[PDB]
Amino acid sequence: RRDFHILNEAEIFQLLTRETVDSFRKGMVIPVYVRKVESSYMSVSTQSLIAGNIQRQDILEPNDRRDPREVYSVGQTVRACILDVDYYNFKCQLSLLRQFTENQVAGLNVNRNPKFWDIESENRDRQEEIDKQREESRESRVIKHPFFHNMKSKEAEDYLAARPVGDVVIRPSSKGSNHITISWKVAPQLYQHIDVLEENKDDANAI
Amino acid sequence: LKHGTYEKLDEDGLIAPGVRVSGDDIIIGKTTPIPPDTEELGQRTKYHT
Amino acid sequence: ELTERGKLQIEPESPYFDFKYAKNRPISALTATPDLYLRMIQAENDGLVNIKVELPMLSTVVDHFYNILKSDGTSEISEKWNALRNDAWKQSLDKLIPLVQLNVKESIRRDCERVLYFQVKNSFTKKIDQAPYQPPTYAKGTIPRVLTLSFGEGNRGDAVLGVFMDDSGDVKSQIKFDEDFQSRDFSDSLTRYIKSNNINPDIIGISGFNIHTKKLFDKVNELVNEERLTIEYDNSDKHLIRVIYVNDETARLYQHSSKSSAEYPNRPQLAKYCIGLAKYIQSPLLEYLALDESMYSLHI
Amino acid sequence: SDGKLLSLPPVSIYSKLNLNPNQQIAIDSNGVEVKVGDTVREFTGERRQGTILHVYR
RNA sequence: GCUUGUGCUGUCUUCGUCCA
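Residue numbers (PDB author numbering), protein chains in the order written: chain A, 1139 to 1345; chain B, 885 to 933; chain C, 620 to 854, 866 to 930; chain D, 625 to 681.
Hints listed in this document are in silico derivations from the structure and should not be mistaken for laboratory results.
One thing to keep in mind: the hints can contain errors.
As the list claims (entries may be wrong) - Straight-line alpha carbon distances no greater than 27 Å define the calculated DSS-like cross-link-like pairs of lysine-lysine that follow:
1. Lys930/B to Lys795/C
2. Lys833/C to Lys659/D
3. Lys628/D to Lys724/C
4. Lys930/B to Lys640/D
5. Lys628/D to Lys626/C
6. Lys838/C to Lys930/B
7. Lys640/D to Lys746/C
8. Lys1290/A to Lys1339/A
9. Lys1253/A to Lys626/C
10. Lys1253/A to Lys671/C
11. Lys795/C to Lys1270/A
12. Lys834/C to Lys628/D
13. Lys1229/A to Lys838/C
14. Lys628/D to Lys671/C
15. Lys642/C to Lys1253/A
16. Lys642/C to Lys1174/A
17. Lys746/C to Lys930/B
18. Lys1174/A to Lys746/C
19. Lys833/C to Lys1174/A
20. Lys1229/A to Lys759/C
21. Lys814/C to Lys1164/A
22. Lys740/C to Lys659/D
23. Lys671/C to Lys930/B
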């Protein structure tokens, strides 16, 4: 048999942190835990007890001029991106810049060659799911007013048809819950719909 | 332990006269022995007796 | 192909995402990567995906067999006969295709399974192929006297346990260090245990469950480098006693096995873990054998 | 974590993964911290919802 | 980075307080 096998840096790291070198390397986003906040750096801890630090250039955005302590405090965990890993010393440096924490989405290295990958199908499914995300729900509006009636434009005109000239009805507007359509009889078989824009609304159903 | 504070007790477990006390403070510190558990496994003498 | 279940369940993080839209993958290259085909089959069995085998030149074979079968007549009667023959031939192809697809699928499945079986065999052999640690100035195969030190986790209240075993494989003495491992008292007590009691271990093993064990390893290495704790050699550059990390799958499984409890009814779990580490250093093969059924659950 | 089911003897299992709240931490898509027992809803897919039982990676 | 401490009997007896 071969002599006793001595663990190396990668094997020792995997044994201690129970995290593989592949799953913990450059270009990965992990929810680290803030442990100490300082003006020039922030000391954070990962899930696997790996102590990390970030130099002041990356805790806050380059455009912002605030203080690290005001924005982030102890116990406020944030997402971070791995920049460097000291496997021997179990030390890592992180970045809070959104160019890493947000843009890194397709982190897999799957070969997307059109000859062997159906890019068109994945794209089509992508707009399908994005349109599904765009899909929402809407409901009717209820208002309490003596001259308010939940009628269509033609319905309001027909309701005012049986009434003499000058009678007024109020119905929801098609421009949104912040708009109100008022229909009044200008003349026999002649009606005017006037849109009213609402400001400082307490509620969608409120006036 | 009681939820009060033990910081007003002296070395002998008795409070000293002249000390202002409030409700739920500990004025007499007393302990009763308990057979130790298997915590002697890996506790550095920090096991409840 | 993807079913609706496949359309919804294959996420960018799921292992099935590697072949969510694969197309025209060569069969001959599959045998070199058996796990991809195995995972495709597993996803198919889950009702998510559908695997299809197709030939670019299927029309070529159909036309060639038709030309062999078709008649050379040109009359409208011959045209009707040729049409009937071609339609029956197309129906025969429709019936025949699924069976051939299934046969080819089974053949590739067997090939990939055999390849992965051989790969797992080689990985296990590599895992279990290691002779016991050879102390210096001794021939290979000699069983060394070993000392294991461990504390497990390193939280406030984590004493360091020490277990020493001789070359005979029988436990000789177990000691507790109840002071802080960073104190001078810990180092002095460890030095006294190492030297005064004539223990003279050939190699010292250190292991744990987290990164806190690294500091203990560094402290022990510094102590060894400072006190010049050279190995006793039976009757001159005396060599230092080696301190290394120890793989502890077998130790972790041994600390929970009832075999240790029957063997050591009055010992802590950490003592059993240290004994398992020491036995693994003495003889990895026997420790791997001791797993019995739990050896199959090892990450091979 | 993969989504499959296994059957193993109690001995074969390594040990329980005792994790403190300082270790068992979850962050949602928007970056707001979510703790144990909270109710969240899947952003896409089946868009299901439920209470968090355990957080790992 | 050293991190904070949650739990109380029971049964008699007596003497009292406010109405009655």
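Against the structure, the hints come out as follows:
1. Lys930/B to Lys795/C: holds, 13 Å
2. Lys833/C to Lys659/D: violated, 30 Å
3. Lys628/D to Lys724/C: With a Cα-Cα distance of about 24 Å, the restraint between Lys628/D and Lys724/C holds, given a limit of 27 Å.
4. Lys930/B to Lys640/D: holds, 23 Å
5. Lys628/D to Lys626/C: At roughly 19 Å apart (the allowed maximum being 27 Å), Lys626/C and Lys628/D satisfy the hint.
6. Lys838/C to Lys930/B: holds, 22 Å
7. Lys640/D to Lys746/C: holds, 25 Å
8. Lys1290/A to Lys1339/A: Status holds; Cα separation ~23 Å.
9. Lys1253/A to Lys626/C: holds, 21 Å
10. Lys1253/A to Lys671/C: holds, 16 Å
11. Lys795/C to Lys1270/A: Between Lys795/C and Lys1270/A the Cα gap is close to 64 Å, so the pair fails against 27 Å, i.e. violated.
12. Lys834/C to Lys628/D: At roughly 38 Å apart (the allowed maximum being 27 Å), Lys628/D and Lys834/C break the hint.
13. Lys1229/A to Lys838/C: Judged against 27 Å, a Cα distance of about 18 Å means the pair holds.
14. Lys628/D to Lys671/C: holds, 25 Å
15. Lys642/C to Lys1253/A: With a Cα-Cα distance of about 7 Å, the restraint between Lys642/C and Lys1253/A holds, given a limit of 27 Å.
16. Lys642/C to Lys1174/A: violated, 51 Å
17. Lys746/C to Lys930/B: The hint is violated at about 40 Å.
18. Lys1174/A to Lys746/C: This hinted pair is violated, its Cα atoms lying about 42 Å apart.
19. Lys833/C to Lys1174/A: holds, 22 Å
20. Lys1229/A to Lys759/C: violated, 38 Å
21. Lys814/C to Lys1164/A: violated, 46 Å
22. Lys740/C to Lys659/D: Violated, because 43 Å separates the two Cα atoms, which is more than 27 Å.
23. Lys671/C to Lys930/B: violated, 65 Å
Hints 2, 11, 12, 16, 17, 18, 20, 21, 22, 23 from the list above are not met by this structure, while the remaining hints are.
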